[PDB]
Amino acid sequence: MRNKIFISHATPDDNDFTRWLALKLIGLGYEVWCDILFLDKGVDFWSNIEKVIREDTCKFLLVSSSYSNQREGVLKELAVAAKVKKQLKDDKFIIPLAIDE
Amino acid sequence: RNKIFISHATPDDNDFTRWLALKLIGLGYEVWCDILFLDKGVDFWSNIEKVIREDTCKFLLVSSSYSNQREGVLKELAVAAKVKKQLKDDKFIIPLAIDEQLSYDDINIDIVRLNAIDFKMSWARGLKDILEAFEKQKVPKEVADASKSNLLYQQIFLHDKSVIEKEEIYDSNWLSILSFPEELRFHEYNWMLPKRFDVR
Amino acid sequence: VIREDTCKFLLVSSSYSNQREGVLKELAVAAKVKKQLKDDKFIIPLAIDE
Amino acid sequence: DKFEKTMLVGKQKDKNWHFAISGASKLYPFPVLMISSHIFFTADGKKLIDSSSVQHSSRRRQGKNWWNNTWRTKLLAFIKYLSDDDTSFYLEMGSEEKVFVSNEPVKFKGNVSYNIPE
Amino acid sequence: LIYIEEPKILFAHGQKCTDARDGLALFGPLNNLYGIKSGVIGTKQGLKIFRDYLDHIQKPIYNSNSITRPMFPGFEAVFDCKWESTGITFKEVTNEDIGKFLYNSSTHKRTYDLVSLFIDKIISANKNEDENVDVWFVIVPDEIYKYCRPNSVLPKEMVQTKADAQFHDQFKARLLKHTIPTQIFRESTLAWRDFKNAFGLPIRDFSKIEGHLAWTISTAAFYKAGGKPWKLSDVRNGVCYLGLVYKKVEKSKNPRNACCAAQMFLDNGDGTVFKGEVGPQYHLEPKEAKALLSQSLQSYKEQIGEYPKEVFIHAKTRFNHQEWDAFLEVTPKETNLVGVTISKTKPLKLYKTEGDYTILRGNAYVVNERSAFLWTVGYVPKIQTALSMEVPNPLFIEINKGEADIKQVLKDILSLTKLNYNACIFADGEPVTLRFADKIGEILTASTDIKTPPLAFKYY
Amino acid sequence: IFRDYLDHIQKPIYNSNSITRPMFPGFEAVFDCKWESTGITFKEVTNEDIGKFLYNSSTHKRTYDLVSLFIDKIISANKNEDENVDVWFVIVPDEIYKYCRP
Amino acid sequence: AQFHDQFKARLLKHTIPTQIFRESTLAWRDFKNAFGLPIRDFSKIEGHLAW
DNA sequence: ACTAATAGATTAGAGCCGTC
RNA sequence: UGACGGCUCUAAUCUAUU
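Chains as they are written, first to last, in PDB author numbering: chain D, 1 to 101; chain G, 2 to 201; chain U, 52 to 101; chain H, 303 to 420; chain E, 4 to 166, 203 to 319, 327 to 506; chain R, 52 to 153; chain S, 204 to 254.
Everything labelled a hint here was simulated from the structure, so no lab data went into it.
C-beta atoms are modelled at their ideal positions from N, C-alpha and C, and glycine is treated no differently.
Wrong hints could be hidden among the right ones.
As the list claims (entries may be wrong) - Among chain E residues calculated to face chain R with C-beta under 10 Å, some are: (1) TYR37; (2) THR218; (3) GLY266; (4) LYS504.
Start from the sequences, fold in the hints, and give me the full structure.
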């Protein structure tokens, strides 16, 4: 069952917004997964992010920025999410968040 | 840097990898697989790093319903993602989708973006596209020689499948006659035994 | 020892704690018991070296 | 139905199989009593099935589980069942004439074999 | 029992392995051909049989045991040649015309006309149409073979129509005049998946054999296109093989009338055949005996340039003086000729006391310099399974006339155990010159109006 | 001559002018087929063998004899041989059709 | 008298497609006359002739 | 004359299965 | 006849004696 709203971001570049987002988001009730304060540390980052994206992810909220678009790790999330978006047949599965001014 | 590292499930993708590797060795490439060597053991781990970080130039990964979510393959794939990084070779991991039951939407994140080589519909065109991709990328290789694949076939896949000089004793269906009656006697019964007596 | 009570495996990820056979032997033993103990948070390679 | 811990006649579904031998004496290569291996089937253990095609079909499906050992112990036990006293078996040609024939099939030696890779 | 070593069969780029299935699956055929044009006929339904499963053949068909059943990667991968749904000259054979043709109560005319119904369609197609068909492909339905066959039997459930005898040999023989190879399929050789003939189980075939079932189907449909998949290497030069089997020609009158179709295998890798003579007992009279050698042995004069030094004529029948003496002065001079009779005469079976598997194939039991046995059937070290499930019997190989080293002879018959271009097996239990002369003996006797030169296998 | 010509039309050859006598990029680049020095079925009919039939002067008989030398090989290869040929190239020299012409 | 007809008419029993060729049409380059100018000037046609 | 032979020891057809 | 086995079932014949 996909109820975790997985939000994609790059490095600690955003992380100070994403918990600020989360502390309002998981503060209001959205099940939010992040690769900084919700990533299982001591385990695979690569396998875990795919496992949530492929199965556990309900919404894909990528953050856009000059540092969150060209990174291969971030680009890895979008392609598998898009393939999952193809499986879900929902274009709005990926919702870019224009955080950086 | 010459090894073509193949990641796959150990007992399941053997049929394809035995085909693919021995085709790759047949075409002249050098391939590491867990079924192309004997006397293994300590060779697993602590030498795979050396053969990948210093000898593996291409990572032809087998994608299938068995190689998906496997501890060995994922761990070797995670290495391939790292080993791609220090060298300036983005085209170092090359996926190979083989299983029909594995949909193209169930491909793992390490190779989702990577342009896979199709084998499901036909293995021949996938093998050819493997050849053209290596030629376009100037992948190091020697002259094509399938005897190396045959050698890898007879030494590994025909190791305990040959004859051995061993003395054996076979039983048969013949019972030798030991001795015979001393004399064969023709009894001269001139009109003494009946003509139609049926001596049987 | 490893099968009994090894718990976690917080490894010193030093610049020289990887080529040693002993640390790998613990790691290799850790690898086998990791599947035996069906765990995934088993190894925590603390990256200490600068 | 056993001779030296060797089952010679047994069961198969509804058909009881019997091991049988056909003997043809030959003077070539050397004087021998050549034996053949056959399986014949009886409905109740006493009357053979009067159907060559069925008997052929049953024999084809009865040797399905029979390997080399199952053949040889059945053959040797049946042949050793014909042994006369200890190591031979006489064929009587007269009141005093006999033709002793060995109960143990001729052994042969081979120096090349496989490793039995299970 | 001295053991005779397993022989070798060549493959692509002059390489040398030991398994027909394994070598092709990894190496490929010797000659390089580009594509195969598949002239295909049959009923409308049968088109949906061949067309889709033809696409399966170049897909990887798996084997449960790659040791016993070797790998099959595809069709372009293994044969280096392309097969696709082009050239399909589907001469739609309506079931209504077959319906008025199949249920005839005659024995031969039912097959004579039904074969003719298939024959006149393929003949015009290679005469007038615009396909370069190499392997003609006649898909024959099931009910026709069940009814129309040797000693044809037809039940009385739906009796509506009223009035050699074999469908296959009559089909092949007629095309010797038209010179077209053809592949003929029956029952669920292709449609075994969904046939469920008797009950739900596919009684015809299984998925285990399917790995090499498509090997036999493909290799039978591959050799006829001018290719040379595998050729022998251990057979020496200057050696002629004349594998001949006397074939009864008639079934009603003159039981002693017979003809022999003597195959003639060459040293240059040519699986050639030859036409023998009709010899009326069970022997080739000097009138016919002289013609056979003077014709079959003559091919060495132009195929190579000189007469073979050794002439290994094979047979399942012993000779007498009249046939052999004729074979001397007719043509062979200063060249050795040896008559070897290969037959399963007396059952000499060997049983392994220690261990459970049967005797390994390759065992030769001497009886004399001119007589021994050959265990060409039995356990195989490579595939780790006996070729014969049952306890095998050897080939009683004795030199009837002439003098030769039988050990040299024995490995030579074993050499001709892998030229079996009708199935994909590790080894055939008979020499090719003797195994393949039975079918051609059956082809050349189907009709009595054929003038056949030393035609190759592919038409038969 | 074929060993010159057969693979000559695989590569592009330019005439004096392509407007009036156009060039062609080659057999593979134009006709989309493989046609090269492979599958060659060289069946040498030696000139002495040809001469032993050409030396006959009776054109009513020689001209039939010359063809009989060619067909017997072709049908033999068609039936009693293994090699497969799609289109046969009988390269009769100019001398053969110089004398056997009306 | 021209063998063109008999050669192709005799293969109707065999139905093998034979492309009758000639040395002049296929060996334009090495064929040379006495005066040094070959009669068949197939050089320029070596386009649409090879077609 | 060979008419019948009852065995030797070859000799194809040929259906039937088993699954390499 | 995708086939290779294995045996099984018939028949005929050459070779000598009622």
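How the hints compare with the structure:
no., hint, result
1, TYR37, "holds (5 Å)"
2, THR218, "holds (5 Å)"
3, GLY266, "holds (8 Å)"
4, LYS504, "holds (8 Å)"
Of the numbered hints listed earlier, not one is contradicted by the structure.
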